[PDB]
Amino acid sequence: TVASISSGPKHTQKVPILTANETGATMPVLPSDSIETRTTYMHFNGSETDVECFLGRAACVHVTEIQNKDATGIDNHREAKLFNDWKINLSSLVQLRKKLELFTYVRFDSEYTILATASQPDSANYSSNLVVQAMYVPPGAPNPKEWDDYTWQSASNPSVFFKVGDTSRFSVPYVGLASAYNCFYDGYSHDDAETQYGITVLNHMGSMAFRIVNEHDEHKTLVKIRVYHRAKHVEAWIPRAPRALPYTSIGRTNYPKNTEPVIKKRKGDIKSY
Amino acid sequence: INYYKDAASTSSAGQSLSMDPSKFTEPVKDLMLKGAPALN
Amino acid sequence: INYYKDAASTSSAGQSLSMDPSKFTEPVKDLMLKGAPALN
Amino acid sequence: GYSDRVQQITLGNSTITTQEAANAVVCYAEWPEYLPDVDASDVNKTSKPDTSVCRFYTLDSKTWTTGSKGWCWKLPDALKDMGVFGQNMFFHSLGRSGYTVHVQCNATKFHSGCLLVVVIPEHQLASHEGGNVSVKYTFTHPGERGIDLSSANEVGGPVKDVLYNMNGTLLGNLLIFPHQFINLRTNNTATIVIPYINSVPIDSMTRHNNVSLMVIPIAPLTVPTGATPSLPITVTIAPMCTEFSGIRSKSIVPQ
Amino acid sequence: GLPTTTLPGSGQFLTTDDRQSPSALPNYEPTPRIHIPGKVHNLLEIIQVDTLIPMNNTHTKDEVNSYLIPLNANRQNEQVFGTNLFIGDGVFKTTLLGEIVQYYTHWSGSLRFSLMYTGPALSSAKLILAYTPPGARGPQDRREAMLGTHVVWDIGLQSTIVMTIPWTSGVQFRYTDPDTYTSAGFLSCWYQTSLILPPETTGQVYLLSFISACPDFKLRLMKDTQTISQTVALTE
Amino acid sequence: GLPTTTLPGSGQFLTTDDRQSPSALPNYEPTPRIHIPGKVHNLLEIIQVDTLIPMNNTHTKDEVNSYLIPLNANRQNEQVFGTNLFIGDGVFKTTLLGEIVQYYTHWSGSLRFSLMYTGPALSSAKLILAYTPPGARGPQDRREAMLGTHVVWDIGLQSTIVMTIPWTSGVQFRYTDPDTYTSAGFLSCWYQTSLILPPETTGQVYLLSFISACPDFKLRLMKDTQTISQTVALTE
Amino acid sequence: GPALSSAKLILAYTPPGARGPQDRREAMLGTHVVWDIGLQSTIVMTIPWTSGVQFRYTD
Ligand SMILES: COc1ccc(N2CCN(c3cccc(C)c3)CC2)nn1
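Residue numbers (the numbering used here), protein chains in the order written: chain E, 1 to 273; chain W, 1 to 40; chain Z, 1 to 40; chain B, 1 to 255; chain Y, 1 to 236; chain X, 1 to 236; chain U, 1 to 59.
Treat the hints as calculated values from the structure; they're not laboratory data. Certain hints may be false.
To be verified - List of simulated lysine-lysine pairs, DSBU-like, C-alpha gap at most 35 angstroms:
#: 1; chain 1: W; residue 1: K34; chain 2: E; residue 2: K10
#: 2; chain 1: Y; residue 1: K93; chain 2: Z; residue 2: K23
#: 3; chain 1: E; residue 1: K69; chain 2: E; residue 2: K87
#: 4; chain 1: B; residue 1: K250; chain 2: W; residue 2: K34
#: 5; chain 1: X; residue 1: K61; chain 2: B; residue 2: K109
#: 6; chain 1: E; residue 1: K87; chain 2: E; residue 2: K145
#: 7; chain 1: E; residue 1: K265; chain 2: X; residue 2: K126
#: 8; chain 1: E; residue 1: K257; chain 2: E; residue 2: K224
#: 9; chain 1: X; residue 1: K126; chain 2: E; residue 2: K87
#: 10; chain 1: B; residue 1: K69; chain 2: E; residue 2: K267
#: 11; chain 1: E; residue 1: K14; chain 2: W; residue 2: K34
#: 12; chain 1: Y; residue 1: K61; chain 2: Z; residue 2: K29
#: 13; chain 1: B; residue 1: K45; chain 2: B; residue 2: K160
#: 14; chain 1: B; residue 1: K250; chain 2: E; residue 2: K264
#: 15; chain 1: X; residue 1: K39; chain 2: B; residue 2: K160
Stated by the list, open to error - Covered by chain E, according to a simulated footprint, are these stretches of chain Y (three or more residues, beta-carbon under 8 angstroms):
#: 16; stretch: 47–55
#: 17; stretch: 153–164
#: 18; stretch: 191–200
Ideal Cβ placement from N, Cα and C applies to all residues, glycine included.
Chain E on its own, in the form it takes in the complex:
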């Protein structure tokens, strides 16, 4: 492939460099339309800018935490982090979010990876070996209440059991209602005068539930869960302007008030170098 062809002096009536940008086109002008060039080859394919590659590496999408401790006398397991759910979403952490929102609709399979590490912040004789259970409680399913509900039987709901310190990995097909995931949605769930606005009203993929299967030892053990997400088989439509201001909420486009100028001011003139 040639990156530049050889081109010499020109004295024409045919001027490729004068255009009318009002038309909305970006005319494909090249170095050889306005200087004299020599042949050179590309030596490159643009492999690593493919959208599959761009969205295809694992990104941290969520960090939560649960603890193993005596539940005796706990009136609210959920509240003691005896167990914890995660109303699943990808808008939480901003790194991957800015990348996805370069597109309007996106479609891809997900390959999640869950790392769990334990901490024992206060005096323990040892480090116990805990098994985590991660169970996907899709919408319309019983929601745990206690850390050892009938729920956790999860006879019809996919669940994975792995050890703290290890990692669990499993992918799931693209479970969108539509043909693709909306990255934006300028609508409502119905014509209500007070119903929410935006994506949130589409993001309804349930929540992920985590718990330790082990009963309690004499000390307490903090287990912190990190969920990583990798898109595989990516398809993206309609590019948009990149995010400039900071994010404030999962699912709304809102930016913070009295934010700071995002364009760097010159130290000098327009004329400055």
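With chain E's structure known, arrange chains W, Z, B, Y, X and U with the ligand on it following the hints.
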């Protein structure tokens, strides 16, 4: 070799090697030729 | 590839792709045609 | 003697002529078309009023003055009250449509000024409150009036800050969306053909707008000496290939 | 010795994975199969059999009576019953259809709603059933109702009427657990003319109503049902 | 039982590796794809669309005005604007090009810089745009500027001028984050003759300026952007 | 008008059955042409025959 039955379980896809910027760079209704005048 | 000798040890079965609700939805002795009167 | 410059669009019982065009943009290089069966889901036969809905409606005019910040209309909202297009809209459960948008602004060879005319698929607005305040329905359904980016923040309304496109992105990059400029010195109209863009084959026309049309002054209007300091901008829009499905009782929407 | 590398996920137990295992009982011979009528292969086979809907839900303890929709002689213009179409909740919820839908997260497809009339043979009646697609309110009077999907039913020799709620939808799947964006409409029924009883006869007559899914139907993404739970393991 | 040996790296999780995994939802059927205009395959497709450069960066809070390069009537010989070419920083940084370049470590290729004139139609002007290849200072006067890559632009009916910064380089890749060894030059613009306004007209006229990449362009070695960060996880 | 002026007018034909339009919104919903004043000096609008009965009276 796929070891698994479902398609979601296969590895990453392989390069589009599609590439056609004209839907974005030249969505004009009447074709523009480089070198010919923009507005006639 | 089965690595094991016994049939119980193989993975899940594969979709019936059988599907015939008529034993449940139309177990009538004399055939009923949709569009013809139910009771003649 | 055909110029890129003169054009005629006849759609239904209405025709537009421009003698100072700058080509026309067809979003994503695709022209509006009806919904194919292979893509269909709802089993209902759809209704295609054709020429009674696919004609040109001219919205009320705006006034560009030296202080203007820009205006924003949503589709199909802007047309919610135009003739039979609008009736069909409130009466069917689902509908689908593409449009021809023609924005008009003429001046003289002594004026200067340049407007950006852009179509943004799925333009989800931001609340000026920040945090996770929502933007109430009425605020994103201004109707033919559209939203005036130089109007004041209101409560439950969107933010109207132009350098941020009403969503946290910079004005400068709106050029990645199908768009055309109106530069008084060149141009006097902008025309964009919009194919139907959605993640579902057909949708509700009232709970979801699928494009915002935005006209934004970028190089300020500058009139000749002792000229009146303003120009009107007119927007005329025509639904094209419209289909309605799931007819019934007639939606009642807030406000 | 062949060199290997183990990946993330090694040692995990995923209740949904499908692999081979050693048999604990090597060489054992299972009992021969004999023929048994009734084999089921797909849950899609059974949700096409219709079952009764406790439409008359207005009681206070479960009773045979909530299966009976009453009809009054001589009323004109008025409304017989109304319900939304959240097949995973409300009237639908205990029906076989409702009961299976609840094992899945998403459903799409047409529903078949039929009414069988049980009044004396010498009576007569004309009813209108109306399906209102998402986007409008439950109809408030027949005029409103009759502008959407409807069937005038004439009570005759042929005892049942089968109304279909054709799949009307933007999005190709809806949630089985009730959700707004994803909502499906309303179903109402009104007198078209009115029920008329023969002489020597009196009182209320009832309609029985059934629900089953059309062959159209799709259910996907299995999950656990809210319809059953427990607090301690059972024993013998 | 086949004999194996595990190598160094067993059990590691590399966020960039690409392998197979069990599906949690065995046998699930995804929604059909329908057609949607606008599919993107390569980021290289989109960085060829031009977007506006806030060249007039001299303000103090972001404003529509930093997109406008002003021009003065009757000045001769003088300089319209100047900038270095660190596409990952400074004026370029918020543009779509700048914004994407920042996802990669290295770039190579030609850039297309165009200027669209917005002054009254009855005015006229001749400007010179000059590209100064690495190795010399930003030019200080047109004489200095005109000895490097330049285009005399004659403002006419054709409203825009497209200047190309041809790839001039020893090393075949440069860093996107500004680096010296790897630096690309300067871009300046001067009056060639001068802007002239018609009668009855007055004041400043402005140029809009765009940037996009030539088909020449290469970007490689993906990394994280300095353009976005956060202090606590967001919530709904 | 002078050659250096400009204007955009809408001409509308309203078929029998409605009143003479009272504002452009009303007018623009019937047969109409947006005329852009340019080099080409004249605009030709056609009142297409819209009628139930195939002849009308001249009086
Ligand atoms: C905004 O775009 C997206 C893109 C993907 C996505 N989902 C979240 C839910 N997720 C999922 C689906 C099934 C099971 C589990 C654990 C997670 C798939 C990706 N959510 N939003």
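So, going through the hints one by one against the coordinates:
{"no.": "1", "hint": "W/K34 to E/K10", "result": "holds, 15 angstroms"}
{"no.": "2", "hint": "Y/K93 to Z/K23", "result": "holds, 25 angstroms"}
{"no.": "3", "hint": "E/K69 to E/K87", "result": "holds, 24 angstroms"}
{"no.": "4", "hint": "B/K250 to W/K34", "result": "violated, 52 angstroms"}
{"no.": "5", "hint": "X/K61 to B/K109", "result": "holds, 33 angstroms"}
{"no.": "6", "hint": "E/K87 to E/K145", "result": "holds, 15 angstroms"}
{"no.": "7", "hint": "E/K265 to X/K126", "result": "holds, 28 angstroms"}
{"no.": "8", "hint": "E/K257 to E/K224", "result": "holds, 33 angstroms"}
{"no.": "9", "hint": "X/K126 to E/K87", "result": "violated, 61 angstroms"}
{"no.": "10", "hint": "B/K69 to E/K267", "result": "holds, 28 angstroms"}
{"no.": "11", "hint": "E/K14 to W/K34", "result": "holds, 9 angstroms"}
{"no.": "12", "hint": "Y/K61 to Z/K29", "result": "violated, 38 angstroms"}
{"no.": "13", "hint": "B/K45 to B/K160", "result": "violated, 41 angstroms"}
{"no.": "14", "hint": "B/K250 to E/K264", "result": "violated, 52 angstroms"}
{"no.": "15", "hint": "X/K39 to B/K160", "result": "holds, 30 angstroms"}
{"no.": "16", "hint": "47–55", "result": "violated (count 0)"}
{"no.": "17", "hint": "153–164", "result": "violated (count 0)"}
{"no.": "18", "hint": "191–200", "result": "violated (count 0)"}
Checked against the numbered hints above, the structure breaks hints 4, 9, 12, 13, 14, 16, 17 and 18 and satisfies the rest.
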